[PDB]
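I'd like to ask some things about the structure below.
Below, a portion of the complex is reproduced, with chain positions unchanged.
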Amino acid sequence: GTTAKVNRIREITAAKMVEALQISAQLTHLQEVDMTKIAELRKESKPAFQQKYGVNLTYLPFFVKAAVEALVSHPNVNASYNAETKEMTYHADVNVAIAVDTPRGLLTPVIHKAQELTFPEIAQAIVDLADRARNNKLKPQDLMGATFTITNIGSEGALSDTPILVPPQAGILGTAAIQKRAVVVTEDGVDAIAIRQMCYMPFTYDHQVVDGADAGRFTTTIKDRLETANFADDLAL
Amino acid sequence: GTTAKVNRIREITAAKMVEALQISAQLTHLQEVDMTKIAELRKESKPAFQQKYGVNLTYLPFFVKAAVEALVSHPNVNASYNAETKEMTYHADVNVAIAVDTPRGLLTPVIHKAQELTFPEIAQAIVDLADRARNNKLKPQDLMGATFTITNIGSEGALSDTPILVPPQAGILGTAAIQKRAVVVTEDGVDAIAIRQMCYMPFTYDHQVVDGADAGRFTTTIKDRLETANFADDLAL
């Protein structure tokens, strides 16, 4: 067998995650989202979004925008717990970290003050932070101050996963692989089976900050936001 | 950002759960239950159950009754492990804690000697313990001695979750959101697709007390009990 020392990114990520689990009470709430309406909006909007904003329109900014709005309407999730002083801090800014798969390991660059950004500014920030993280061109400020994380677990086809949150953060939302499924729809009391583009949306939360019912209300706001798919003015094409 | 000290319920719940994970070997077994027959029984029985027993008939007492019977036929699950003496204690009483979402945080009031109660007495005990927990009118004895916990994770629409068990308890059963799904049914070798009211029933267990095959046998007894839906004499209308 052969041995090699890991780089500092993998060494620090591993140590931070081993420690994270020992100082928090993590659970993974499982929710699902019907992404069919967003998939149709995305298909027709991709050429116009590429021409006006210079980036490829993916599902991730839809999830990030819905999460940012939900972190503002559920400020109890955009919060941190201090086990020594037994105090909760509800953060004014929404600093969303984006998990980026890089050749050197996982990096989670932060979109600071994401509550002040438009949908296109979020899409451009994801592309910019990911390109710089993959080229290992991030400033130290780019990895500090996260209040929440969104991880694209579906990039390598995972149906779901149990993402690890890292205190002081209280939640991490996963955007699992969007797959066609046989699901029940109802219209005027008529239950029927449709083929819909669904994805699991696991949400790992720390019971020190968020209880199970709070996690449920939080993902219900995001689920309803994405399923309604009222993003035409957000796309601003 | 703003800071406030958490109440004693949230402070103690958080600390007990952080510690629980460090002194146990928790896994979450995933099972599903076809609740359609119970849903039909419940719909027709609700007016008569409200008139005779004074409570609204929900799915929770069906799960609690099936769990109590299964804790009596699987006494290895109604048990506790002592890591110092390397001893297992199989408890004579079935003291089922019910997770209640309250304005002050999660409370888990205990139905002591639940193996001695009728189905209506269990339904009335859930309503009574929940009302008192929400009004913070519980006696100290009401929160002690639990041998098992049942948590209604479906109250805020969760498909599933990974509930945290708290030693000395060895299992916690979740009753996730009952949703209409496209599922396969078989009759005389004819596989067909039906619309059924299904729910995931996650079961978190401590490998110190219950192994994976034991968890499977335990949830199979409960799954079969609920799917058969022979609760007419239990409803006693």
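Letters A and B mark the chains as written, and numbering starts fresh at 1 in each.
Just so we're on the same page, contacts are C-beta pairs under 8 Å (C-beta built on N, C-alpha and C of every residue); 3 or more make two chains touch, one makes a residue touch a chain.
Here 2 copies sit in place, and the number of copies making up the whole complex of this structure is 3.
In this text, only the chains that are shown with their structure count from here on.
Computed from the mean C-alpha positions, the centre of chain A lies at a distance of 30 Å from the centre of chain B. Against chain B, in their complex, chain A makes its touches with residues 21-32, 81, 83, 85-93, 162, 182-184, 186, 191, 193, 200, 207-208, 211-217, 219-220, 223.
Across the complex, chain B meets chain A through its residues 1-6, 10-11, 13-15, 17-18, 20-22, 99, 101, 105-106, 151, 153, 155-164, 179-182, 193, 195, 200.
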